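Yeah, one chain of the complex is gone here, protein chain that is, but the others are all in their spots.
Chain IDs A, B and C follow the sequence of writing; residue 1 opens each chain.
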Amino acid sequence: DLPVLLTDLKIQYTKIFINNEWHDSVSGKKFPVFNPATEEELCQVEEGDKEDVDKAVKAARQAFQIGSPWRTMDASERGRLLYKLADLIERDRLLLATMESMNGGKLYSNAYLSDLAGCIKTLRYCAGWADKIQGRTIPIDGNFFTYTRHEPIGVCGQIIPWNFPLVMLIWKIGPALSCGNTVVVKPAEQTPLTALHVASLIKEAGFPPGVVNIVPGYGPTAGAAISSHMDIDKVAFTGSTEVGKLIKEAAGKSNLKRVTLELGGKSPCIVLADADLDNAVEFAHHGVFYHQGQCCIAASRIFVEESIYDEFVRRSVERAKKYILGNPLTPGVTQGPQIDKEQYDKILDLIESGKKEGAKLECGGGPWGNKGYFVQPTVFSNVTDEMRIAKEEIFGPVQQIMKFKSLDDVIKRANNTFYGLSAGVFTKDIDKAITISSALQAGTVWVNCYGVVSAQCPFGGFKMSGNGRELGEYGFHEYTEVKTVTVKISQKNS
Amino acid sequence: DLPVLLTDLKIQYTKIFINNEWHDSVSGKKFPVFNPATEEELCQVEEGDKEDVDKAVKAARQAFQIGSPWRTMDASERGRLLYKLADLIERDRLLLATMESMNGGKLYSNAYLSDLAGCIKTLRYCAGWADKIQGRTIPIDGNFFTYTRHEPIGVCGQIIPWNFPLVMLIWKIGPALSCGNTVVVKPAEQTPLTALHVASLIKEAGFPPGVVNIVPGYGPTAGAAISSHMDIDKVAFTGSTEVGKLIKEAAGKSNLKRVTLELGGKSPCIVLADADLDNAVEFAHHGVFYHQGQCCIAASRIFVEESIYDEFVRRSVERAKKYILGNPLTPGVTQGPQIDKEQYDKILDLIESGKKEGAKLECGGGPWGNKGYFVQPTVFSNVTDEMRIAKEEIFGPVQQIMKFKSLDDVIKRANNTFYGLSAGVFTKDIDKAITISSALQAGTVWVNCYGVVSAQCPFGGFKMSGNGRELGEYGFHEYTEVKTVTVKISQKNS
Amino acid sequence: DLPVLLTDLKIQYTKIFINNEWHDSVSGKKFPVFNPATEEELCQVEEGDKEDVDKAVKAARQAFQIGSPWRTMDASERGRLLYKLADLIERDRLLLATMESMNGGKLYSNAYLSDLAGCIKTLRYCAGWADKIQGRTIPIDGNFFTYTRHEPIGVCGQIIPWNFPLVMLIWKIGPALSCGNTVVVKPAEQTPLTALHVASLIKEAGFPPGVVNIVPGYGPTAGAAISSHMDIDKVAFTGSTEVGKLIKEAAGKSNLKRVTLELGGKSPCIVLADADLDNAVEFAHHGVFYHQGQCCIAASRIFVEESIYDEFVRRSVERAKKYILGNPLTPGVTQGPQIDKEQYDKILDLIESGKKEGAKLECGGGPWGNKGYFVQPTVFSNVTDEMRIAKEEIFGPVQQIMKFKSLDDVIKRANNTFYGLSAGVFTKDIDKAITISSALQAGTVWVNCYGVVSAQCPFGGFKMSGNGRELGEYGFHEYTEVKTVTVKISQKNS
Partner (left out) sequence: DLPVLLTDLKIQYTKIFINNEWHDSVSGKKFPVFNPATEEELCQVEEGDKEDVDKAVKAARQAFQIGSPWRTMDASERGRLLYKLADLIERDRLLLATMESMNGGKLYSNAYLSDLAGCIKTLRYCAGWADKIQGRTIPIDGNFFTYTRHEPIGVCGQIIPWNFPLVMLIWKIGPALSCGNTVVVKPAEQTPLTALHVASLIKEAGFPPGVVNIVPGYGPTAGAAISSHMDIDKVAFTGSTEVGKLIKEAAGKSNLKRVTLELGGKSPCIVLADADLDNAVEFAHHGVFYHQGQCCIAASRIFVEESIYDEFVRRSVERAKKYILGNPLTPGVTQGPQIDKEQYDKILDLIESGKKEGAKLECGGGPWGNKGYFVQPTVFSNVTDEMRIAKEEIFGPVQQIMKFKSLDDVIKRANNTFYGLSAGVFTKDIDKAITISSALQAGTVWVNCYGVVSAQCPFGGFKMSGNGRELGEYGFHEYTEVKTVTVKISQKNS
């Protein structure tokens, strides 16, 4: 069931959100927000800079003070607020999915059925953790009573990318709020709008003022202000590995703020000769092509055993030739645009290297349309490891298919990258599934599937694909700070 | 019972330890090691530089490869090796404590009774965790079987300070080895010797080659090589907050390696009017004066309620006047030297600011002896918050005593620092003990005691006193990397 | 804010609830349900017997089969159903509290403000656990992959008492359903009605049929059928220790079904001379007198240090003389009736022993009113340990106050009972609070309070006050059955 919005969407929220009120920028500047499918300006939004991030941090700090409503409320009540926010996002599902589709260049069916469903489910999952974050009592040596408090860390700076704006917003704020933190969020310059609507719902839900502050604007200004701030306790960032390195460096230089990073990948799939071939083709296909290839987990190197390689390439190419490009809001359209010019250019430039460096172009490999940042869905076979398209994250609808005959060697090739976000293994063999997934240097390893994400699992990168994990039980640890309290007593008993 | 070594100690191990064999430096240079009590050269040690760290990382990487003895052995057997290492350290307790005392300027009674006891106990504690590191099975949405592996991270670079060389060595290698990591250790330039003896015991215990590699040398060369290395997966560092910032920055610039930091402090004690006064004086005293003040947790700001302040200062001063300075090896001696000239100078310079900025000198405040980096035990009363001695870590035998009358205000003053390693609260009031310890922004809060450390507790800093925790159950998480494995199935059942 | 129902309550649901449909009894018999305040018949309800429990178990077994909707739905969806049930109970709060008050003899202010609030909050807490129940991956010796599944146990028989009918219903079904079990509930013969309304809401919420089955009737028939059934996997019971022993015996005789028991108590309070006296009097008062003394945790032995004993008794007696007896539905009424004749008789008989055995009657000690099972609120001082009123659970509004001078001896006296549900300690001394609470053989120990219950804490008895725990993280374990899966592999890696 794919319902739709009956009136044309109006944009309402375009201001900086601090202490549950709407602020003009300190400078008074505003910046335009575009639709990637039409190249048309949707609206303008208040440009947050260092001066605005400073207001936002001061409000977050005040909301975190000992004795404040947010610090003193029952953990169960933090949970209640989060489940209420999920109910409000569910109420505004049509509006939010439409705004998400229009601003993000994101197919509406997927926006409504997947992105919004995941947002609501992740929030409800995090709500449930709030009053289940626990420390320990510890049988220390000597006559002492020792316990630990898993406290909130404090003011968390949270920088969100443009590829899944709502999902990424909730992946940040859900766990941070569940644990009792206050946040300063910087949504992507390309996609501020859905986050500003969520801010209106945070107010409506009744979160105390200053617990969530949202400062739209650019990365090199508002994002740098966050990463270098002397009174932000933690920065969480999802985006490029390049910017990830700047974030971690700036945290080091400033106040040694805690860092988690969810970065890019060059994620490999290994398809064994005994694999269910159609299943492997279908998952590897969606694994690389989902949301116009703009996923950090993009299955951008597919190694297939030689005896099934030709059949794999043939079936993959036929699947890639089935797309219908267009405005992501029109029903039946199955591929929207890339987010912007910068990305569009990078994608086309990398497509040209595949041709020049000698990969076999099976289909696509150029642009589409008179308007909008559209790239034809592209497949390269006979890709080799030193090619640019095998080493660099494309972040576009461009599939690479490689051959292998040695399992020892293809695991080395899979692991021979600075990335390590995820990987896929396709086989019917129990031993192969376990041993290969153990040997892959990847944060998530899918077996006979790909791109299966859920709130109950931790998610994050090995190596330069990330630091730390988001979601699951394990992800909640990185939004707590552990305090040991050791009390002298006359005599302990076990 | 304080037994002693019957023969004069000979130094045997002075070389770089890689793949369980002793190496000369690549350059061929060596550097001198001194006794801080006599200023005399004890020996020379091979100077590890970038070229040597490179050999050490290659060996650690090879020992970590899938299919290696260290990766394939039973977790229970990693545990067994660690308990064997503890038995060997216990066997060599006299030798190790003597070498630790002589090289570190550390009182021998404390070296033997505390440092070595803590080393052995921490190793035995970590051994027990080895086969109890577990992932999860997770009821993900959809028809999937999801589990997680809490894998070792990989090659861990571990930089150790000079103040507790053996304890800090074991705090690093115990958890890292228990979890299945391989390590490259850089002991302090001042104190390489006890670590090199432990390396001989790692060989004797039967650890596979390359699992522990020890590279002595300087910080700006060997330490920088570690922090900037493109194939070290994690750096752990204990030391100054200043160097901590360089470590985190370099990790960011290079390969986004995981970082934990245990840094300095300016740790406060709050002594309420209802406190057991003698107990508060005794613990605050040892809290600041332990190991010539060379503890990151040094209780270097003692806030005392006004009505008991005079009596507190009087009793504290009398306790500080009871010390006997000398060579840390002579029985009855109760205060050894500072580690080196750099520290000695910093301590005296800060003592001079206390005088100049207007603190009341109660006792001490100059050097002692014709040889050795000795500082008289010093007490300042009427210290105020803007003084250098109230803001900067002294790392010397220098106590600061402050007065307060308002509990709200003294908690602000306690928290008004970029540090946050630890704190002390002294009171008989149940409510005060709980509420004050909750409000303090400190990693460990002691109630009616100070400096109670044990292997079962997590330990680390809030704010610029650290990132992450060492020891306890919680500390073991930062030596694992979490992998989610998600397997497609026909139908799941709860 | 105490709102009320605008129309007089009508009873609608009076039938046995199996497979989400309403059933007449197999025999066709019905049994009367009374109001304890008027002694008047409210209605008749279908009498479940062994033959009906058999239908209910068959439905629960079918709902638990591998491949069923309840076994195959997402854990997150079990959670969703539970949060929906909580929303429906919140919607029907006025109706449920009124029915609870009228059928249970329970003061309406408390029914509405506490019982219903606790029901809703406990359900919401349990909902949050559903998709957070996890097994482990385990580094077993040898070349194996080992994981565990924390499965639901299966069909759980759940026997509920009359004193907190709704709260006890939700304490049973919340965790059992969160974990994926199916249930056969036997509410108390005195109080079937609110549970049958909840059954209508379980249907409305959309729980699959057979997941919850409710069989009203008597204990020696329907309760015995449950405890002795060959295809019930687990029995959970709250009630008398006497019946608890019959339940455990019958489980042993039949099919070794798993057992948890929440039984009675003779819970002690220790009031030290340094205690906040008014706080200790107020909490000890409500600790014994709550819900006409019909709490398993009733603070039915209050030991007070001699120097404050007289003042404690005086203040307690004045507090007990402030009650207004009457129909629990009338505003301003502060004490309702006992549940029934059996209990009423037992209470009066025990009150007579206090007089005869030589306790000092301070106030009360007889019945009240022309109708309804009312007992005057009673206080005995100078109670000694061999008295019946100091050994036996009264379950009525009858307080016992004792004196002590030796802390060693009063802890022995506190622990000198076969019971062990809970206890209270009142002191300002940190050491006393910790050491006394450690030494008490009680499941919950309150310090400077009493009767503080919350969903986040485990709750249950030491000794003959119970087996196992309900609620908290820990309580959820007893609604899972652990399966270890060990898979042969060619080679494991850490």
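Just so it is clear, contacts are C-beta pairs under 8 Å (C-beta built on N, C-alpha and C of every residue); 3 or more make two chains touch, one makes a residue touch a chain.
Peer 1: Of the residues listed, C:245, C:341 or C:360, which one is in contact with the missing chain?
Peer 2: That would be C:245, which touches the missing chain.
Peer 1: Given that one chain is not shown, which residue among A:116, A:138 or A:280 touches it?
Peer 2: Answering carefully, the residue with contact to the hidden chain is A:138.
Peer 1: Of C:15, C:149, C:285 or C:291, which sits in contact with the chain we cannot see?
Peer 2: The missing chain is touched by C:149.
Peer 1: Touching the hidden chain in the complete assembly: which of C:16, C:59, C:199 or C:261 does that?
Peer 2: C:261
Peer 1: Where the complex has a chain not shown, which of A:52, A:100, A:115 or A:151 is the residue touching it?
Peer 2: Only one listed residue reaches the unshown chain, and that is A:151.
Peer 1: List the residues of subunit C that touch the chain left out of this view.
Peer 2: Touch with the absent chain occurs at residues 66, 121, 136, 138-142, 144, 146, 148-149, 233, 241, 244-253, 255-256, 258-259, 261, 263, 279, 418, 433, 437-439, 442-449, 452, 454-460, 462-464, 466-467, 469, 472-474, 477, 481-488.
Peer 1: For subunit A, which residues reach the chain that was dropped from this view?
Peer 2: Subunit A touches the chain not shown through residues 66-67, 70-72, 74-76, 78, 131, 133-139, 141-142, 147-152, 180, 427-430, 433, 447-448, 491-494.
Peer 1: Could you pull out which residues of subunit B are in touch with the chain that's been left out?
Peer 2: With respect to the unshown chain, the touching residues of subunit B are 75-76, 79-80, 83, 121, 124-125, 127-132, 134, 145, 430-431, 434-435, 438-439, 455-456, 473, 487, 489-493.
Note that in this section only the chains that are shown with their structure count from here on.
Peer 1: At what distance in angstrom does the C-alpha mean of subunit C lie from that of subunit B?
Peer 2: Once rounded, the distance between the two centres reads 50 Å.
Peer 1: Measuring from the mean C-alpha position of subunit A to the mean C-alpha position of subunit B, what distance in angstrom results?
Peer 2: Centre-to-centre distance between subunit A and subunit B: 36 Å.
Peer 1: For subunit C, jot down the residues that touch at least 2 other chains.
Peer 2: Subunit C, residues with two or more chain partners: 75-76, 131, 134, 430, 491-493.
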